[PDB]
Amino acid sequence: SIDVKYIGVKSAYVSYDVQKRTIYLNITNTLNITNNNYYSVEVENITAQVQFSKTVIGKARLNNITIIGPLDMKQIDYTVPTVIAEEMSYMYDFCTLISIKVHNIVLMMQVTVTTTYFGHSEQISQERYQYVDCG
Amino acid sequence: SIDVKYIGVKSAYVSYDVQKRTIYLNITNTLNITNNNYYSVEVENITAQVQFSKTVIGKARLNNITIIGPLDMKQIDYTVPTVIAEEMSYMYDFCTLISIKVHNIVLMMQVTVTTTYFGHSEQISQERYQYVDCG
Amino acid sequence: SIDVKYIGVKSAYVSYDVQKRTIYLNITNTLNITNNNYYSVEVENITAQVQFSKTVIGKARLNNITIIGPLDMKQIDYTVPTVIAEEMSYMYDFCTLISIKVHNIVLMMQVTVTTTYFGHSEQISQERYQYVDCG
Numbered sequence: 120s121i122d123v124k125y126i127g128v129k130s131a132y133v134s135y136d137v138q139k140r141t142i143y144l145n146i147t148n149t150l151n152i153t154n155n156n157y158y159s160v161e162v163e164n165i166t167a168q169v170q171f172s173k174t175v176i177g178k179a180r181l182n183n184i185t186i187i188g189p190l191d192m193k194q195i196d197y198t199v200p201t202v203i204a205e206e207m208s209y210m211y212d213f214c215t216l217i218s219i220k221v222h223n224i225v226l227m228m229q230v231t232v233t234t235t236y237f238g239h240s241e242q243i244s245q246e247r248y249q250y251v252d253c254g
Numbered sequence: 120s121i122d123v124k125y126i127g128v129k130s131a132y133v134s135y136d137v138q139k140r141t142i143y144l145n146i147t148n149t150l151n152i153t154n155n156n157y158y159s160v161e162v163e164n165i166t167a168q169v170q171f172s173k174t175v176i177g178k179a180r181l182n183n184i185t186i187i188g189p190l191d192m193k194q195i196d197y198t199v200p201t202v203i204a205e206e207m208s209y210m211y212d213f214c215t216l217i218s219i220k221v222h223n224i225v226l227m228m229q230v231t232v233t234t235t236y237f238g239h240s241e242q243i244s245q246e247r248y249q250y251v252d253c254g
Numbered sequence: 120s121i122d123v124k125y126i127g128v129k130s131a132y133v134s135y136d137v138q139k140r141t142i143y144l145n146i147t148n149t150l151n152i153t154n155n156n157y158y159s160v161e162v163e164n165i166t167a168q169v170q171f172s173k174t175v176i177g178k179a180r181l182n183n184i185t186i187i188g189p190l191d192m193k194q195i196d197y198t199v200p201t202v203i204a205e206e207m208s209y210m211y212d213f214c215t216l217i218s219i220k221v222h223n224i225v226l227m228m229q230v231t232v233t234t235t236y237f238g239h240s241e242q243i244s245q246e247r248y249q250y251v252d253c254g
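Chains as they are written, first to last, in the authors' numbering: chain B, 120 to 254; chain C, 120 to 254; chain A, 120 to 254.
Treat each hint with caution, since some may be false.
For chains that are exact copies, the list does not tell them apart, and a pair is met inside one copy or across any two.
Calculated cross-link-like contacts (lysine to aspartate or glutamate; reagent style EDC-like; alpha-carbon spacing at most 20 Å) [said to hold, decoys possible]:
1) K124 with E241
2) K220 with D191
3) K220 with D196
4) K129 with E246
5) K124 with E246
These are calculated hints, taken from the structure and not from any lab test.
Input sequences plus hints: build the corresponding full structure.
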């Protein structure tokens, strides 16, 4: 990939930005741009390509075979009891979080037992992230 | 990929923006642009392509064979009991959250037992994310 | 990859930006730009390519065979009990967080038992991240 950008506030090719309480006076601005972009990208020129898979089983004897793909999750436990007991008392809770297995982004690609792949594969994340703000 | 951008506030090719309480006077702005973009992208030129899969089973004996794909989840347990007991007391809760297995974006592509693939695959995420904000 | 940039605030090719309480007077700005970009990227020129897979089982005897892919999670336990006991007392909680297995970005590509791959694979992450902010 090409030209992958995170810009926090402002993007220009040419900028003349005049901001705050300023005097901007008698200004002559002249601009003469030639800006051409030529892309030959992710391009393929092939006579033959072959993706061949063969399984042969002859006079074989097969017992108790297990094939298990990735991210097998077995007998996982989360135990998060919360207890408040009060007498003659005050609780003030502000912005209190209990957070279990919270996800923002999950991107999964070609997650398999078996893969035969030819060509291009791509993942991009661009992000402003804030979990907690309070005040 | 090409030209993948995250811009926080403003994007322009040429910008003459004037913001606040400013004086802009007698200004002469002149602009002459040539800006051409030429794209030959993800182009394919192929004479032959073959995706062959063959399974042959002769006088074989097969018993107890298990093929399990990815992300298999078994007997997972979440226990999150919340208990509040109060007498002659005061509870003030503001912005209190209990969050279990919360997802924003889940993208899954080519998640399989077996795969034969030729070409292009792509995942893009662009995001402004705030989980909690309070005051 | 090419031209992957993280810019915290402002991006320009040319900038004439005027900020705060300034006097900008009689300025003559003249600009002549020639800026052409030529990209021949991720380009392929091949006569033959072969992805061949063959499995042959003869007069063989197979028993108790287990094949397990990556990220296998078994009997994981999270125990996070929170207990507050109060009598004749005051509790003030501000911005209190309990966070268990919280994920932002999860990018997974080609996670497999077996893989045959030809070509390009790419992962890009650009991020402004704040977990907690409070006052």
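Right, here's what the structure says about each hint:
1. In the homo-oligomer, the alpha carbons of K124 and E241 lie at most 20 Å apart both inside one protomer (15 Å) and across protomers (15 Å), since each shortest distance falls under that limit.
2. Taking identical chains as interchangeable, the C-alpha atoms of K220 and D191 lie at most 20 Å apart whether they share a chain (16 Å) or sit on different chains (17 Å).
3. Proximity of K220 to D196 under the C-alpha cut-off of 20 Å is found in both arrangements, the shortest distances being 12 Å within a copy and 12 Å between copies.
4. Both within a single protomer and between protomers do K129 and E246 lie at most 20 Å apart by alpha-carbon distance, with minima of 15 Å and 16 Å respectively.
5. In this assembly of identical chains, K124 and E246 lie within 20 Å of each other by CA distance both inside one copy and across copies; the values are 11 Å within and 10 Å between.
In summary, this structure violates none of the numbered hints.
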